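Student: Each chain, written out:
Protein chains: 2
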Amino acid sequence: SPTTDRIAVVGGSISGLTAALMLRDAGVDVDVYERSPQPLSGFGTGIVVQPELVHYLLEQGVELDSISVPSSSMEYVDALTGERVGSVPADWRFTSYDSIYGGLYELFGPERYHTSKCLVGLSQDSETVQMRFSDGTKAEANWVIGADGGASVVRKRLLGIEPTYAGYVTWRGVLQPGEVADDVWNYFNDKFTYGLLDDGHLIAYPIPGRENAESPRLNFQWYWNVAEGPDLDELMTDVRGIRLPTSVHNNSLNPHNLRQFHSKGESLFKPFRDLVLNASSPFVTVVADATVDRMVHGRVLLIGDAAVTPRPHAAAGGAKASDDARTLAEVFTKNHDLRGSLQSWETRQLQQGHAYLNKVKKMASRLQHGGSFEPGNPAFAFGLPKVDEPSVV
Amino acid sequence: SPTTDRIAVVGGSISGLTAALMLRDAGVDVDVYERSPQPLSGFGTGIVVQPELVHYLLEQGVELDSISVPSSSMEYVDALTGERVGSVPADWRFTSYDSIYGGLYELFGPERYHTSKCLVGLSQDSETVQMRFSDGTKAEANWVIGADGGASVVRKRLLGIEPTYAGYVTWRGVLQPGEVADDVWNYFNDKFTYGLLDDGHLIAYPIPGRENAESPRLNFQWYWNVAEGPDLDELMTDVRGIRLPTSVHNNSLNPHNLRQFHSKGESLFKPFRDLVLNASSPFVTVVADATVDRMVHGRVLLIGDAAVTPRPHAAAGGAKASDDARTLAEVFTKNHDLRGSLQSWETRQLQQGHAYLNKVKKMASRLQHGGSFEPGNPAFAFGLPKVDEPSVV
Ligand SMILES: Cc1cc2nc3c(=O)[nH]c(=O)nc-3n(C[C@H](O)[C@H](O)[C@H](O)COP(=O)(O)OP(=O)(O)OC[C@H]3O[C@@H](n4cnc5c(N)ncnc54)[C@H](O)[C@@H]3O)c2cc1C
Ligand SMILES: Cc1cc2nc3c(=O)[nH]c(=O)nc-3n(C[C@H](O)[C@H](O)[C@H](O)COP(=O)(O)OP(=O)(O)OC[C@H]3O[C@@H](n4cnc5c(N)ncnc54)[C@H](O)[C@@H]3O)c2cc1C
Numbered sequence: 002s003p004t005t006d007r008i009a010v011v012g013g014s015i016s017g018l019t020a021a022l023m024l025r026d027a028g029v030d031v032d033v034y035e036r037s038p039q040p041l042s043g044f045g046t047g048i049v050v051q052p053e054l055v056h057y058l059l060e061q062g063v064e065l066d067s068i069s070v071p072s073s074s075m076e077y078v079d080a081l082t083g084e085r086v087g088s089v090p091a092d093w094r095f096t097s098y099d100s101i102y103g104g105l106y107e108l109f110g111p112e113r114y115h116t117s118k119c120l121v122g123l124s125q126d127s128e129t130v131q132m133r134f135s136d137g138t139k140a141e142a143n144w145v146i147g148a149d150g151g152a153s154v155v156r157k158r159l160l161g162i163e164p165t166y167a168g169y170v171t172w173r174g175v176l177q178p179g180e181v182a183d184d185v186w187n188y189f190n191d192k193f194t195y196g197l198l199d200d201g202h203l204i205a206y207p208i209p210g211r212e213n214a215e216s217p218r219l220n221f222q223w224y225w226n227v228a229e230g231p232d233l234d235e236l237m238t239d240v241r242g243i244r245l246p247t248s249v250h251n252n253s254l255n256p257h258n259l260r261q262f263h264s265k266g267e268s269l270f271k272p273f274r275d276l277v278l279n280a281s282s283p284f285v286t287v288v289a290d291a292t293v294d295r296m297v298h299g300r301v302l303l304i305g306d307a308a309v310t311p312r313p314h315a316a317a318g319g320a321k322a323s324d325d326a327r328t329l330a331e332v333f334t335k336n337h338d339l340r341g342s343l344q345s346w347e348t349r350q351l352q353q354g355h356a357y358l359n360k361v362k363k364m365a366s367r368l369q370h371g372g373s374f375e376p377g378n379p380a381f382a383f384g385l386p387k388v389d390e391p392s393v394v
Numbered sequence: 002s003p004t005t006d007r008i009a010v011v012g013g014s015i016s017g018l019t020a021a022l023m024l025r026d027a028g029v030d031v032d033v034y035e036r037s038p039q040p041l042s043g044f045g046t047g048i049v050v051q052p053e054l055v056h057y058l059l060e061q062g063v064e065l066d067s068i069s070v071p072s073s074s075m076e077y078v079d080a081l082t083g084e085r086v087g088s089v090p091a092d093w094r095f096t097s098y099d100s101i102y103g104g105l106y107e108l109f110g111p112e113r114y115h116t117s118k119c120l121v122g123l124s125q126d127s128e129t130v131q132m133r134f135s136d137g138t139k140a141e142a143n144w145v146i147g148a149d150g151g152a153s154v155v156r157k158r159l160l161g162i163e164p165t166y167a168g169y170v171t172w173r174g175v176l177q178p179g180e181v182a183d184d185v186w187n188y189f190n191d192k193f194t195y196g197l198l199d200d201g202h203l204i205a206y207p208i209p210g211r212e213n214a215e216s217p218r219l220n221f222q223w224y225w226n227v228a229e230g231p232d233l234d235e236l237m238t239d240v241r242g243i244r245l246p247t248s249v250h251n252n253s254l255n256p257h258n259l260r261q262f263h264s265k266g267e268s269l270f271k272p273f274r275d276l277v278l279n280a281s282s283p284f285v286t287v288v289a290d291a292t293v294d295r296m297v298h299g300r301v302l303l304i305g306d307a308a309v310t311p312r313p314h315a316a317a318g319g320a321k322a323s324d325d326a327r328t329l330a331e332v333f334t335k336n337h338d339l340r341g342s343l344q345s346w347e348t349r350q351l352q353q354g355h356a357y358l359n360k361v362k363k364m365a366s367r368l369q370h371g372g373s374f375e376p377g378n379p380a381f382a383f384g385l386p387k388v389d390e391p392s393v394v
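Residue numbers (full-length UniProt numbering), protein chains in the order written: chain A, 2 to 394; chain B, 2 to 394.
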């Protein structure tokens with residue numbers, strides 16, 4: 002028998018829904034509380050597919066070829082002069098935030114996914130955890146899973162930890178067929194491409210169409226080093242004067258920032274220049290990370306970006322989150338000495354979490370500084386670091 | 002001859018408009034850039050009248066009795082048990098933020114008061130200062146006066162200084178005739194009243210009607226000590242989940258916070274209890290202060306809450322701001338060795354500014370802790386500290 006305990010999940014995205022689904026599948030009584038008034042949106046941005054990230058969906062019968070897009074190499078290019086550093090065979094598939102989210106939400110349904118529930122307070126005793134929401138209501142559970150992302154309030158309330166700026170930001174853009182010339186489309190299609198600079202880099206790869214039937218798109222990012230203080234403050238302030246914590250979305254950019262994005266883009270080697278100048282809704286997001294010594298805090302658990310908050314470079318953040326969710330659900334599934342199992346659980350997941358953070362840190366120290374970033378370097382490959390013993394394929 | 006230089010004023014409130022008006026009066030070419038899309042609003046809150054605060058208006062023919070309201074004593078009461086600590090004769094007049102602002106704006110006019118201009122960047126050389134706005138435009142001046150208030154961006158960009166939480170917040174409420182019983186209205190009318198507690202205090206005083214012809218109102222505040230971190234974070238988070246920096250306005254309160262305000266209010270001695278329970282739009286504002294060693298930074302000057310950011314206890318913040326503006330305008334009026342005069346100017350205004358901060362700090366250490374706060378104590382009287390030699394009345 003799975004637990005007869007009541008579980009609340011705060012945060013209804015990749016980790017939240019994964020946790021909930023698996024607990025619901027297992028008979029566990031579970032609720033999701035999501036700050037968002039409606040079901041979600043990633044603004045059509047790319048996600049590199051890892052096993053862990055699509056594990057749940059595949060288990061339910063979703064065909065991989067239907068939520069993702071192939072590649073057959075990985076390219077390394079000087080993004081100023083176009084000089085090719087090198088290319089290696091590769092077969093990453095790429096999906097989109099909407100594809101994963103939309104798949105998970107579709108499976109879960111609205112009945113117990115409580116929108117407009119923004120946690121703002123939390124407290125706990127030996128039986129239960131009380132949650133308080135910004136709408137003035139409260140819910141109660143035996144266990145609460147903080148699946149509330151990089152700016153996790155749960156983690157802020159328990160530990161005082163918030164993301165620390167990493168020194169740089171990333172512009173994010175998505176192109177549709179015909180928004181760039183065919184030869185530029187062909188340059189990036191069916192490939193992950195790094196455009197490396199002396200002080201930053203771009204990445205580009207194909208992704209699925211916004212809806213089932215639509216054509217594939219090109220996803221790209223450009224990482225800029227921006228000095229904390231005046232410089233970052235001016236980049237992160239929207240057209241209305243609010244200095245935002247994480248992203249300034251396209252419809253809100255200070256026009257000056259948008260001109261700067263285009264004008265710096267003017268110096269890039271043609272095909273990258275064309276991504277930057279032709280994107281219709283580019284937007285900007287800080288790079289910030291955070292860590293945590295424990296994921297277990299009495300009856301409150303942290304998973305996904307709310308435990309260790311990653312940087313995007315190894316393209317497995319959402320995979321770390323799914324795994325956190327899966328292993329956690331399994332604990333309440335197996336339901337044998339919860340205190341003990343959770344201790345064992347967090348040890349593995351912390352080591353995974355810390356190792357992932359170290360990798361993307363090392364990656365960033367090459368990628369943001371024109372440091373050597375060698376084609377095919379196994380230390381810099383996408384994916385979660387091996388934490389388990391290897392098994393037979 | 003006043004300067005032929007071009008002056009820009011960033012921030013269009015009490016200090017901004019005062020500066021601008023006096024410079025315009027003197028022939029100086031000046032512009033105001035205000036973040037706000039429309040002319041302003043203080044949400045009908047009280048301001049105790051000081052000479053400095055109404056100096057400009059009176060000089061223009063505005064009659065004091067028409068923008069303010071009398072009192073004939075100052076009362077000191079235990080706000081739990083109603084026991085009167087004491088009363089002293091007094092003749093403070095009280096006005097409202099809207100009364101002062103509305104008077105100043107009316108005199109200045111829209112022509113050179115540029116709304117929707119939120120400064121987000123600043124830089125300067127030996128001739129000029131360039132201002133950059135959140136709308137992507139820029140203006141240029143010879144001198145820039147940072148009149149942008151407690152959360153001054155100008156001061157943030159030049160110095161890295163922002164307000165520091167002081168340990169407490171103040172609830173703010175305004176009552177109209179008939180929203181409380183007549184005997185409660187009569188209790189507070191024509192008086193400034195302190196309701197003192199073991200760990201905080203209320204103040205109440207009459208103020209003018211929202212419009213020329215309307216009846217007088219009752220303004221009140223209740224200062225609560227709220228621990229930085231989880232507690233303050235939950236108080237300062239609005240119904241939508243945003244943790245706000247300064248105020249959570251009534252239409253946005255987490256209903257739980259509003260219930261808490263009412264429920265704690267339930268323990269007060271009747272007439273204070275009635276203010277708190279009957280206010281229709283109470284709202285909350287952090288108490289935070291900041292200081293500055295210089296008000297002169299090349300060609301950028303800080304005045305009002307953007308130089309030394311006060312706490313409200315001596316009820317002369319807006320007076321400090323007017324004075325900062327007046328003395329500064331005078332410098333450009335007199336126009337004789339600007340570098341030298343500005344050095345002399347800031348010395349006086351800093352001493353005034355620091356002394357004011359020390360006073361309200363000392364006041365707070367009594368008023369938020371049930372410390373002794375003796376009726377009529379000259380050290381705790383409202384007003385700016387004497388900085389000049391005394392003159393003949
Ligand atoms: C630029 C970029 C590129 C990326 N590329 C990849 C990639 O290639 N591969 C990969 O695996 N990952 C990638 N990721 C990482 C992946 O996006 C994240 O790791 C993942 O979305 C984290 O899932 P999560 O549910 O833990 O947090 P989130 O997705 O951030 O969701 C947390 C949820 O909680 C909600 N919430 C927040 N606060 C509250 C609260 N107070 N109360 C209630 N609800 C709240 C939010 O609304 C949100 O729905 C990328 C990320 C970015 C930024
Ligand atoms: C609870 C309370 C009670 C008070 N009681 C009294 C009293 O009894 N007596 C008294 O004298 N004073 C009192 N005050 C103090 C008085 O309100 C302030 O000292 C005064 O309003 C400061 O004037 P200011 O123009 O310097 O700043 P503000 O009034 O804060 O105005 C600054 C202006 O700049 C604008 N701005 C901000 N940032 C930007 C930017 N980025 N770009 C462009 N514009 C920007 C804002 O919109 C605002 O209009 C009280 C204050 C409070 C909080």
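A portion of the hints provided could be inaccurate.
It does not matter which identical chain is meant; a pair holds if it fits inside one copy or across any two.
Calculated cross-link-like contacts (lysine-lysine; reagent style DSS-like; alpha-carbon spacing at most 30 Å) [unchecked claim]:
1. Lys-157 / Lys-192
2. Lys-139 / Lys-157
3. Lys-387 / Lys-362
4. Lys-271 / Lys-335
5. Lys-363 / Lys-335
6. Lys-265 / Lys-139
7. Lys-139 / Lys-362
8. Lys-363 / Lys-157
9. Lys-335 / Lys-192
10. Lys-157 / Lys-265
11. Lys-139 / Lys-363
12. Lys-362 / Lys-265
13. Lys-265 / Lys-192
14. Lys-157 / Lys-271
In short, the hints are calculated from the structure, not lab data.
Student: For the identical chains here, do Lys-363 and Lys-157 meet the 30 Å Cα criterion within one copy, between copies, both, or neither?
Tutor: For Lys-363 and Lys-157, only the intra-copy Cα distance (26 Å) is at most 30 Å; the inter-copy one is 33 Å.
Student: With identical chains, the pair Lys-139 and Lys-363 could be close in the same copy or across copies; at 30 Å between alpha carbons, which is it: within, between, both, or neither?
Tutor: neither (42 Å within a copy, 40 Å between copies)
Student: Treating 30 Å as the Cα threshold, decide for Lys-265 and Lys-192: within, between, both or neither.
Tutor: Classified as within: same-chain Cα gap 24 Å, cross-chain 63 Å, threshold 30 Å.
Student: At most 30 Å between alpha carbons: which applies to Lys-271 and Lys-335, within, between, both or neither?
Tutor: neither (55 Å within a copy, 58 Å between copies)
Student: For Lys-363 vs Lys-335, is the C-alpha pair at or below 30 Å within one copy, between two copies, both, or neither?
Tutor: Close neither inside one copy (37 Å) nor across copies (60 Å); limit 30 Å.
Student: One pair to classify: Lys-139 and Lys-157, alpha carbons no more than 30 Å apart. Within, between, both, or neither?
Tutor: within (18 Å within a copy, 38 Å between copies)
Student: State whether the alpha carbon distance between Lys-387 and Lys-362 is at most 30 Å within one copy, between copies, both, or neither.
Tutor: within (17 Å within a copy, 57 Å between copies)
Student: Reference check for the pair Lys-157 and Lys-271, CA-CA at most 30 Å: within, between, both, or neither?
Tutor: neither (44 Å within a copy, 39 Å between copies)
Student: One pair to classify: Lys-335 and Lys-192, alpha carbons no more than 30 Å apart. Within, between, both, or neither?
Tutor: Cα proximity of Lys-335 and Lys-192: none, with 41 Å in one copy and 69 Å across.
Student: For the identical chains here, do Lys-157 and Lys-192 meet the 30 Å Cα criterion within one copy, between copies, both, or neither?
Tutor: neither (39 Å within a copy, 44 Å between copies)
Student: Have a look at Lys-139 and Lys-362 and pick one of within, between, both or neither, based on CA distance no larger than 30 Å.
Tutor: For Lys-139 and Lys-362, neither the intra-copy (39 Å) nor the inter-copy (38 Å) Cα distance is at most 30 Å.
Student: Pop the pair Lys-265 and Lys-139 into one bin, within, between, both or neither, using alpha-carbon distances up to 30 Å.
Tutor: between (49 Å within a copy, 19 Å between copies)
When each numbered hint is compared with the structure, violations occur for hints 1, 4, 5, 7, 9, 11 and 14.
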